[PDB]
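There are 2 protein chains.
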Amino acid sequence: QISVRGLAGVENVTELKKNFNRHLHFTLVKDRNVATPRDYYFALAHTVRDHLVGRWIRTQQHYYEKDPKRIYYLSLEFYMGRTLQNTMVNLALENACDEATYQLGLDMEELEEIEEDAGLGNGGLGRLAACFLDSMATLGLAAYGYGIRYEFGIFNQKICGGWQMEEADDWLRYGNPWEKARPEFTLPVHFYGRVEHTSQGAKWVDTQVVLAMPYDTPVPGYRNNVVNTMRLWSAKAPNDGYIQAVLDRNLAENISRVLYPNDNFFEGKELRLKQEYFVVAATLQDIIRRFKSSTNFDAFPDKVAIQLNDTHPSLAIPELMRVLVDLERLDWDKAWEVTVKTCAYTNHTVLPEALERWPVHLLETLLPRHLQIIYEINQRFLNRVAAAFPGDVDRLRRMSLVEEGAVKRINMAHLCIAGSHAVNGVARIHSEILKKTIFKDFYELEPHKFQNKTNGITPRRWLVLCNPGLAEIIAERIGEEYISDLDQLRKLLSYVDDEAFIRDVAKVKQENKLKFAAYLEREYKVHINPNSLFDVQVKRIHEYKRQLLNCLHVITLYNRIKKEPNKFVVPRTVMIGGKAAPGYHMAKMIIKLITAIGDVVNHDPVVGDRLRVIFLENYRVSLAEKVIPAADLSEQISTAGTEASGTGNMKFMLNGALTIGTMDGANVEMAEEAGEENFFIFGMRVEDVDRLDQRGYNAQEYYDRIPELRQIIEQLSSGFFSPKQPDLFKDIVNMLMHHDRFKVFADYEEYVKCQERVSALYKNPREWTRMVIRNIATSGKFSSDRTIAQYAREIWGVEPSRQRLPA
Amino acid sequence: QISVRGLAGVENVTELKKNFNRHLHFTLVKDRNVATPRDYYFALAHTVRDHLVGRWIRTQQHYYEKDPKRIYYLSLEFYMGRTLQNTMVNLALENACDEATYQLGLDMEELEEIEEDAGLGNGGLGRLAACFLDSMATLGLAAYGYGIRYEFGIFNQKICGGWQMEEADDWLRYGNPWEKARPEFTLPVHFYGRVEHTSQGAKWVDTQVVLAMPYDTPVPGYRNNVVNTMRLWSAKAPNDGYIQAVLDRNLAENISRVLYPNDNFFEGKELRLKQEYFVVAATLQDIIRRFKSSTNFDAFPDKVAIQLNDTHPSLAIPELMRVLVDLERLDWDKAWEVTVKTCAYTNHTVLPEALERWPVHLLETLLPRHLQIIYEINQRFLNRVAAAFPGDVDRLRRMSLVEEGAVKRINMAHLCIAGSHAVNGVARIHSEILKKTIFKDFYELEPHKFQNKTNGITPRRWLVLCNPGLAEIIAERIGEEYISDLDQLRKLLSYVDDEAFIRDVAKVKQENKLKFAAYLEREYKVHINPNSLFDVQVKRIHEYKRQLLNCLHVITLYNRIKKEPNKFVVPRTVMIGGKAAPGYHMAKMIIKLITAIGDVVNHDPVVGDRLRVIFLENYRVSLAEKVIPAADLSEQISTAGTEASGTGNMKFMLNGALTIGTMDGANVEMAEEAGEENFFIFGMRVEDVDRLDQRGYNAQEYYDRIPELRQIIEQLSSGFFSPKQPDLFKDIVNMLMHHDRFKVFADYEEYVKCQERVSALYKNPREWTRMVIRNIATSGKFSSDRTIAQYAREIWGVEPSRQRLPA
Ligand SMILES: CC(C)c1ccc(C[C@@H](C)C(=O)N[C@@H]2O[C@H](CO)[C@@H](O)[C@H](O)[C@H]2O)cc1
Ligand SMILES: CC(C)c1ccc(C[C@@H](C)C(=O)N[C@@H]2O[C@H](CO)[C@@H](O)[C@H](O)[C@H]2O)cc1
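Chains A and B are the protein sequences, given in the same order.
Residues 13 to 252, 262 to 315, 325 to 837 (full-length UniProt numbering) make up the first sequence, in order.
Residues 13 to 252, 262 to 315, 325 to 837 (full-length UniProt numbering) make up the second sequence, in order.
Since the hints were made in silico from the structure, they are not lab data.
Yeah, the Cβ is synthetic: ideal placement off N, Cα and C, and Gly gets one too.
Any given hint could turn out to be false.
[Unchecked claim] Some, not all, of what chain B presents toward chain A, calculated at C-beta under 8 Å: (1) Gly18; (2) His37; (3) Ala47; (4) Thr48; (5) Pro49; (6) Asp62; (7) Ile69; (8) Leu184; (9) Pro189; (10) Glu191; (11) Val267; (12) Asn275; (13) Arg278.
Based on the provided sequences and hints, a complete structural model is requested.
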């Protein structure tokens with residue numbers, strides 16, 4: 013039906029139909045008279061999967077013959093979403109399958125909705141890893157993603173009486189057709205035990221053994237016939262009264278059971294540390310085996335790069351040393367040189383409560399040999415510091431990997447900097463913050479280590495797949511090359527005064543809004559005006575992301591309507607969605623507040639359909655793919671200095687929403703690419719936040735001088751939004767008035783004023799749409815293809831390639 | 013190569029080859045350069061499985077159209093063994109696959125050895141269920157086997173220093189290609205809670221819910237294109262801090278984790294009771310759904335038969351009542367009539383420690399509604415007893431389902447008799463014992479309930495599959511019809527004087543012995559003389575089976591050799607194998623004793639190769655298929671009255687071994703079919719055992735009057751067989767001398783004398799072989815096809831059929 017979705021060849025359509033029927037009969041063991049839609053989904057999935065494996069086998073064959081340098085991307089999270097549609101898009105099969113399924117009497121979009129998300133991540137860090145795998149395949153790199161095959165991913169969120177309820181995400185219940193178990197590559201991982209010293213060096217003995225069993229998932233590049241591998245490890249007990266011993270096998274297997282859903286506060290939990298070591302130990306053995314099967327580890331850094339996605343896999347550093355020193359008998363200095371040249375570390379946050387600092391006593395018990403290696407690393411590192419800055423004893427204690435105090439801890443970030451040849455932040459302002467504040471000492475010691483790599487998103491999933499209409503009208507004007515070369519979108523600047531294009535952009539958006547408005551009614555039974563401005567804030571719930579500031583704006587609009595009901599205001603649907611970490615009480619209160627505001631606002635006859643507040647339940651990748659194409663306004667309103675980058679921001683920009691935000695994370699580079707006049711910038715800069723901290727932030731001052739703000743706080747305290755429990759929101763008021771680390775009141779006035787400028791522009795459709803074109807046209811820098819090309823050239827030492835492999 | 017293995021059509025061989033390559037590439041995601049033998053096995057398994065599913069789908073379709081009466085065979089155990097070869101045999105594909113694999117450069121027999129046993133049973137009861145499924149499919153009955161998909165089957169046995177060690181049988185580790193998960197048919201099962209009474213009857217409330225997820229395995233009949241289903245239930249937690266709640270899901274799922282390996286002593290363990298209820302509750306819901314999808327339960331007994339394999343699924347009785355009364359609102363009397371006409375019960379033992387007697391307090395807590403129904407059943411039953419035998423108060427207490435004492439218990443056998451229209455034993459003498467002793471009261475009340483159904487074995491697995499040589503030379507003379515009509519083997523009586531046949535029988539046996547002798551050396555590195563008589567005792571280790579009596583004979587032979595070294599004796603390899611229940615201390619000592627005797631005997635230069643004693647490790651179905659065709663002598667030496675039937679006995683008879691045994695279980699009918707002169711019968715009959723019990727068994731008497739016996743006991747006590755721990759076997763000596771329930775010494779003299787007659791015959795090959803022919807020729811009655819035809823006609827009310835379904 014549309015051109016970007018590929019050819020529907022008669023031969024191809026015929027072949028797909030017969031393979032579909034083959035799988036329905038032989039794979040699913042069903043016939044057309046009892047098959048459910050779920051069965052039809054699976055028969056299609058298996059049909060599409062068959063087209064991967066030929067390319068999968070020859071890609072891996074190709075890497076064996078050519079032996080290029082291999083990139084190993086280590087992460088505890090891969091937030092993959094659904095695979096079926098992505099795979100069709102990258103193989104150019106979407107229209108053929110559509111035709112083929114239509115001819116069998118089935119609607120393919122209906123079948124697409126049956127697939128579970130692979131929710132093996134929390135948010136931005138996990139989704140970044142998923143975008144990166146896609147870009148790495150698309151750019152022909154010999155790359156492997158390594159992680160854990162969690163049995164339960166991020167919880168499903170239900171809202172019950174306005175409160176978040178968690179329920180287990182049993183995503184493997186019906187099977188996963190994309191994975192292939194590889195039990196023949198099972199590897200042992202050790203825990204506990206103790207260290208013996210001998211003439212022949214140290215030995216780690218009396219250990220408990222857990223098996224790591226790999227499951228491989230294919231990762232197709234965009235129309236280049238490259239298919240890379242994501243290898244995820246599952247935990248299994250070794251095979252050595263009787264009944265209880267068999268039931269106690271569950272204790273080993275609990276390692277890979279569940280994704281840890283805490284994305285705000287570091288907790289020293291043993292089970293988490295076991296997960297970290299497990300993925301690291303199995304991956305490194307696998308890496309080494311692959312390297313040997315092509325004595326001399328001098329060439330290891332020329333054949334292997336290991337990228338550490340935050341500190342979560344930081345134990346790769348002492349594990350590589352353990353293997354090289356204890357098992358392969360390299361001398362310390364040589365092993366260290368190999369380790370540093372092999373490893374690189376990416377930081378994804380500056381909030382101090384988020385840094386991993388493991389208690390020594392845990393490491394002592396679980397990984398006694400690793401603690402020894404860490405102490406040794408620390409001592410040799412601090413000797414280099416002492417020699418470069420003689421007499422600076424304060425620097426020595428600040429830079430130590432060991433932190434003293436009540437409990438001693440290892441700082442995993444310091445470990446990563448010491449053992450890596452490159453350290454990067456994830457947007458320019460974040461990388462500067464790293465150098466100027468929390469890693470300043472390390473930057474002064476080794477300035478050459480520190481780099482920037484601004485994040486990106488894949489334009490396959492985040493434009494072609496989720497917004498086919500937009501991709502199509504773009505392709506009409508400029509062709510299809512932009513999909514793997516997103517800088518070509520600049521060519522759209524020459525259509526900013528073209529009346530037909532202006533009309534098509536606006537129509538795509540409007541169709542997206544109608545489609546989403548319908549979805550809301552169908553799956554969640556309430557109605558919205560699709561002529562309103564769709565004001566959208568979607569991301570995990572955190573105080574730093576300031577969903578509360580949005581809440582304050584919403585109540586301001588409501589109060590202004592009640593004050594002058596018969597005055598005209600631009601109507602709005604305000605949508606906020608996202609999950610809260612289960613232990614994070616304040617985040618859970620914020621969700622309740624949002625639903626509570628909705629309860630009042632949505633049932634006020636005087637408001638009518640001019641203002642609606644919806645909490646979008648169970649935000650996840652599949653829901654992002656629906657709501658982001660329907661958005662007019664993107665809320666990116668974190669306190670300056672707190673959002674390392676953001677990636678949702680880039681998704682909205684690519685899909686035709688305008689952005690209101692602070693000068694934080696990648697927003698800065700986004701406004702720079704589009705021009706500041708085409709972005710709704712407000713609020714304190716990083717410099718202003720600092721000045722406010724020097725002085726002391728006093729929230730009472732703002733309450734005293736802004737009557738509209740005072741009125742909101744009084745409504746909150748008095749029970750206006752919680753009539754049956756007047757004090758429900760006292761924790762929120764109290765935090766805002768006395769304990770607000772993120773200075774919500776300080777940006778309130780400028781935010782509200784900036785929101786008025788948004789409303790003004792929306793009244794003039796033609797000029798709104800013209801500003802949108804200018805955003806879409808300049809969004810090219812934010813392709814993860816750009817990001818990965820920079821990692822490849824400046825960190826990994828490999829050259830990307832856009833050349834096809836033979837089909 | 014041989015005729016019974018089917019045609020190797022050029023078309024067929026070509027097709028198998030291409031499908032083999034298809035699965036290797038698309039299913040296993042491998043190429044010929046990295047494939048292991050395990051991969052080749054799987055590609056063949058998937059190739060063969062594809063030929064099942066067409067027939068599977070149309071068989072189940074056929075039953076839907078025709079709606080015959082359905083047979084539901086409920087068992088906690090299905091001891092299936094390997095599936096690949098069985099499936100080829102029943103589909104007539106064995107020679108085609110052999111050819112096809114040979115042409116690909118592979119040896120099919122090598123690939124067959126890679127398959128894991130499905131060891132979902134302990135022994136005779138579990139293997140009987142497996143033979144029965146095969147016969148039911150072969151006879152065209154609409155039959156389903158229902159059980160539990162245990163994650164761990166019967167343990168693997170290792171012998172370490174002569175002691176049994178158990179290790180977990182992780183049989184699903186590499187996947188199971190024969191099963192199909194059916195998550196869409198998942199059903200809820202309830203536990204705990206409490207009973208509320210209302211105007212509208214009883215309600216069972218506040219229950220914990222476990223999900224039952226079915227996995228279907230195909231069961232092919234012999235060359236009739238019928239494919240029945242074995243449905244095995246797996247336990248899953250429902251989807252409703263956070264981390265711990267997710268990890269606690271394992272508690273629900275433990276229900277289906279492990280096969281209970283105790284086959285000697287009843288233990289009231291809650292987890293076992295949960296397994297019993299779980300299989301029962303999910304199966305009954307499934308049965309009812311199937312019945313409704315064709325109000326009126328009057329026709330339920332005309333459409334449904336439920337066979338209870340021992341008392342293990344006895345809760346089907348009160349569960350069917352619960353469903354009919356509480357949920358469908360039938361009145362008690364009508365529901366009871368339906369239940370009795372639907373259910374039938376098979377007893378598989380008379381040892382009192384083996385009967386299930388659950389403590390009331392367990393039922394009270396776990397299944398409070400079921401206890402109520404059981405009390406009500408009991409009261410109405412005992413009113414019928416009182417009315418038939420007025421004033422017989424002693425009868426009332428003997429027949430009660432409730433047993434009083436320290437702890438009150440429910441007798442599950444009494445429950446089964448009360449709620450079933452038929453009760454059967456499993457060999458004629460066993461069924462008579464039921465009527466005369468432990469169920470005498472019940473027989474006097476309802477004599478029409480009591481039947482016999484003598485056990486059998488499937489001649490597909492137990493002749494064609496495991497002894498192709500023998501099957502072939504038989505087919506040369508009499509054709510192939512015998513394979514599904516085993517009575518035709520009688521025609522072989524006319525070849526008992528045929529010199530060529532005599533020679534072929536003896537050659538098959540000899541080739542089987544050489545093949546097995548080789549296997550021993552290869553997988554278990556020690557050597558045996560293949561010209562010796564292979565004296566074999568294989569079965570679970572129990573005191574009643576009297577492996578100890580065999581041990582006493584072996585030591586007698588050894589002592590006679592040492593006394594007269596230069597005298598001639600018929601050389602023997604004595605093989606004993608089997609597993610012991612983990613908690614059964616005496617059985618574990620017997621295994622140690624056997625290995626200990628081996629240690630002395632096998633390293634005595636004076637003995638040479640005239641006597642060897644091997645303990646066959648890890649006896650299981652796949653090992654049975656190897657050792658039984660190689661046997662000359664079958665040891666079936668249980669104390670008269672204790673082995674309900676035996677089935678191993680029948681396997682040996684079919685495969686050309688002579689039997690030495692007591693007049694116990696099916697041995698009685700075997701000797702009757704072959705003629706007593708063609709069987710080595712010795713020992714007390716049931717009547718003699720009784721007389722001895724009246725008098726009092728005093729083992730000292732035998733020790734005092736038999737010098738050879740005294741010498742053995744002295745060797746045992748003094749440490750002859752355990753030099754470094756002289757008292758190791760004091761428990762054994764003490765049991766034999768003072769506490770022997772099974773009267774080992776009482777049969778010693780007659781056993782030893784009977785063993786001399788065996789040796790005498792073996793010296794005359796021609797006459798040995800002539801006796802063998804007479805056994806094989808009369809083994810037809812012991813086909814499970816005969817057994818199942820009798821269940822069908824006399825219990826289930828359905829007619830078997832040998833007619834093909836269309837291919
Ligand atoms: C529990 C603790 C160890 C922990 C704290 C915080 C997090 C969340 C961090 C790692 C995260 O997701 N950071 C995000 O990374 C994205 C990809 O670089 C950025 O776009 C985003 O700005 C940043 O917050 C995970 C674990
Ligand atoms: C733990 C207790 C409940 C229990 C005791 C004994 C057993 C073993 C019984 C049930 C068994 O296997 N019996 C065998 O059944 C075979 C098939 O009918 C007979 O051939 C054999 O004689 C009999 O012992 C299982 C569980």
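Numbered hints the structure breaks, given as an ascending list: 1, 3, 5, 8, 9, 10
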